[PDB]
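A.B. asks: What follows is the residue order along each chain.
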Amino acid sequence: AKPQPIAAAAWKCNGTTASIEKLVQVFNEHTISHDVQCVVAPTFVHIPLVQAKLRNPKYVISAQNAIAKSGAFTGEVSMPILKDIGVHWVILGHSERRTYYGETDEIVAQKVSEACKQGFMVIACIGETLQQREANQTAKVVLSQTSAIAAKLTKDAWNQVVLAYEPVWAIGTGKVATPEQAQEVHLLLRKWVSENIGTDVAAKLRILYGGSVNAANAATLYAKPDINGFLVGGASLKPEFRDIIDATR
Amino acid sequence: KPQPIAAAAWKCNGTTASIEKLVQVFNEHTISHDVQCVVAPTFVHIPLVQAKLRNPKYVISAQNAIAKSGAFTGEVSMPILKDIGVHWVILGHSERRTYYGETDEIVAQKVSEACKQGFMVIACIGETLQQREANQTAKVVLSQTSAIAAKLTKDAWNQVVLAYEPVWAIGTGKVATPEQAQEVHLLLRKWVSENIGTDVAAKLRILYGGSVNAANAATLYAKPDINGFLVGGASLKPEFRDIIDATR
Ligand SMILES: [Cl-]
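Chains as they are written, first to last, in the authors' numbering: chain B, 2 to 250; chain A, 3 to 250.
Don't take every hint at face value.
Partial list, computed: chain A residues near chain B (C-beta under 8 Å) [stated by the list, open to error]: (1) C14; (2) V78; (3) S79; (4) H89; (5) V142; (6) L154; (7) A158; (8) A203; (9) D244.
What follows is a list of derived Cβ distance ranges for each label pair [as the list claims (entries may be wrong)]: (10) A53/A - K70/B: 52 to 60 Å; (11) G87/B - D201/A: 44 to 52 Å; (12) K84/A - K118/B: 35 to 43 Å; (13) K84/A - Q26/B: 21 to 29 Å; (14) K84/A - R250/B: 18 to 26 Å; (15) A19/B - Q132/A: 44 to 52 Å.
Covered stretches of chain A, as calculated for chain B (at least 3 residues, CB under 8 Å) [stated by the list, open to error]: (16) 47–55; (17) 98–109; (18) 204–212.
Hints are computed from structural coordinates only; laboratory data are not their basis. Ideal Cβ placement from N, Cα and C applies to all residues, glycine included.
Kindly produce the complete structure, drawing on both the sequences and the hints.
C.D. replies: In structure tokens form, the structure reads like this:
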């Protein structure tokens with residue numbers, strides 16, 4: 002009854018030609034037998050290298066960011082440029098972009114809507130800070146972030162949308178997030194989607210956990226009913242990512 | 003006059019078909035004078051250009067970078083650029099100063115880290131129409147340059163290239179004359195003359211980053227303090243060859 006699992010490797014801004022070639026070979030020799038959509042998300046300059054080496058049939062390639070339109074945007078990569086090179090997935094609204102580079106709900110929701118219009122599969126990120134979690138605002142924030150995105154989409158566009166919950170309150174703060182605390186936000190989000198968008202949309206929507214995931218807690222995390230996979234960080238740069246994929250069965 | 007530079011600022015434009023076609027046109031254009039030609043494609047197009055662009059007079063630059071690798075989603079670091087073989091970088095572009103939070107101090111730190119890591123930097127400065135109309139042309143460009151200069155040693159200036167953008171002429175209905183461009187280049191080199199050293203000022207490349215095409219590149223490069231161009235829309239066209247020939 003669960004939708005198709007997703008295991009996304011968020012390499013962030015890391016990697017060398019030797020690093021990636023060695024890691025991609027590990028990914029390719031890993032035989033995966035269950036239905037699961039795997040995702041590598043390298044830096045822009047490494048997309049051609051990954052395109053040349055990544056062969057495992059379970060995988061697609063995603064950009065870590067994009068802008069909606071080509072033009073006078075020095076330093077940025079546009080979605081049409083990404084379609085032309087053969088990339089159909091993109092991560093939008095990551096906490097690091099909302100924090101360091103000032104991406105707002107209006108910017109993130111506009112990127113998701115324009116990516117859905119241009120045929121992208123989107124992993125849209127939401128999450129709340131510790132200060133927000135201290136104020137009993139987890140729902141207030143993650144639903145305000147999810148409503149802003151939904152306000153620019155129609156029903157059919159939700160088949161391209163994937164949500165990734167970032168427990169930002171458990172990132173670099175010295176605080177930890179339990180598999181029960183993750184399942185709580187994951188069901189909180191699905192019920193909002195069930196109520197506001199549709200019941201069939203909620204049951205099929207993939208909600209990924211974007212917190213600390215390793216080979217030890219992946220299966221127990223995926224054991225929860227409203228967790229549909231992971232947005233893996235540190236462990237994704239390791240052969241450990243194979244075990245994380247194994248745990249989505 | 004030091005070695006001129008002809009840089010192609012492609013911005014966020016291009017496909018694999020159009021880049022491969024234009025690179026071949028650049029490949030069939032023989033350049034027989036001392037000039038450093040630069041092509042700066044999007045991050046995704048850097049491997050294509052490195053493989054295909056074969057003119058010995060060209061190098062490949064990035065349009066942006068950050069100092070260190072790590073948990074910075076969507077960004078490309080400077081060590082990653084060095085590992086893939088990129089040794090040039092455009093920093094502090096007006097579009098990033100305007101729309102992506104690159105303050106004078108953020109540009110200054112990026113330039114400093116880039117020179118520390120062995121990068122050739124094209125650092126961009128320029129003033130708005132509001133600023134120019136407030137008689138702030140010197141105030142803005144020198145404040146942008148002095149922030150960059152406070153993070154650089156004398157030897158690091160041999161890796162830095164200044165690119166003046168007449169931002170007051172972009173999308174404003176105003177246009178910049180060569181005499182207005184030379185005026186800014188002059189006072190730029192003169193501040194370096196009197197705050198870094200007469201030696202660095204003489205050998206500093208200061209590129210014009212306004213409207214450059216085949217019709218005006220010669221008249222522009224004829225100005226004594228203009229050392230080349232950071233070319234926009236014309237850089238995606240075969241007439242970039244005529245701009246290179248205008249730096250003779
Ligand atoms: Cl490992």
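A.B. asks: Now, for every hint given, state plainly whether the structure supports it.
C.D. replies: Against the structure, the hints:
{"no.": "1", "hint": "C14", "in the structure": "4 Å, holds"}
{"no.": "2", "hint": "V78", "in the structure": "5 Å, holds"}
{"no.": "3", "hint": "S79", "in the structure": "5 Å, holds"}
{"no.": "4", "hint": "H89", "in the structure": "14 Å, violated"}
{"no.": "5", "hint": "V142", "in the structure": "19 Å, violated"}
{"no.": "6", "hint": "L154", "in the structure": "21 Å, violated"}
{"no.": "7", "hint": "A158", "in the structure": "22 Å, violated"}
{"no.": "8", "hint": "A203", "in the structure": "27 Å, violated"}
{"no.": "9", "hint": "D244", "in the structure": "22 Å, violated"}
{"no.": "10", "hint": "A53/A - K70/B: 52 to 60 Å", "in the structure": "27 Å, violated"}
{"no.": "11", "hint": "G87/B - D201/A: 44 to 52 Å", "in the structure": "50 Å, holds"}
{"no.": "12", "hint": "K84/A - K118/B: 35 to 43 Å", "in the structure": "37 Å, holds"}
{"no.": "13", "hint": "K84/A - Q26/B: 21 to 29 Å", "in the structure": "23 Å, holds"}
{"no.": "14", "hint": "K84/A - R250/B: 18 to 26 Å", "in the structure": "40 Å, violated"}
{"no.": "15", "hint": "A19/B - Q132/A: 44 to 52 Å", "in the structure": "49 Å, holds"}
{"no.": "16", "hint": "47–55", "in the structure": "holds (count 4)"}
{"no.": "17", "hint": "98–109", "in the structure": "holds (count 4)"}
{"no.": "18", "hint": "204–212", "in the structure": "violated (count 0)"}
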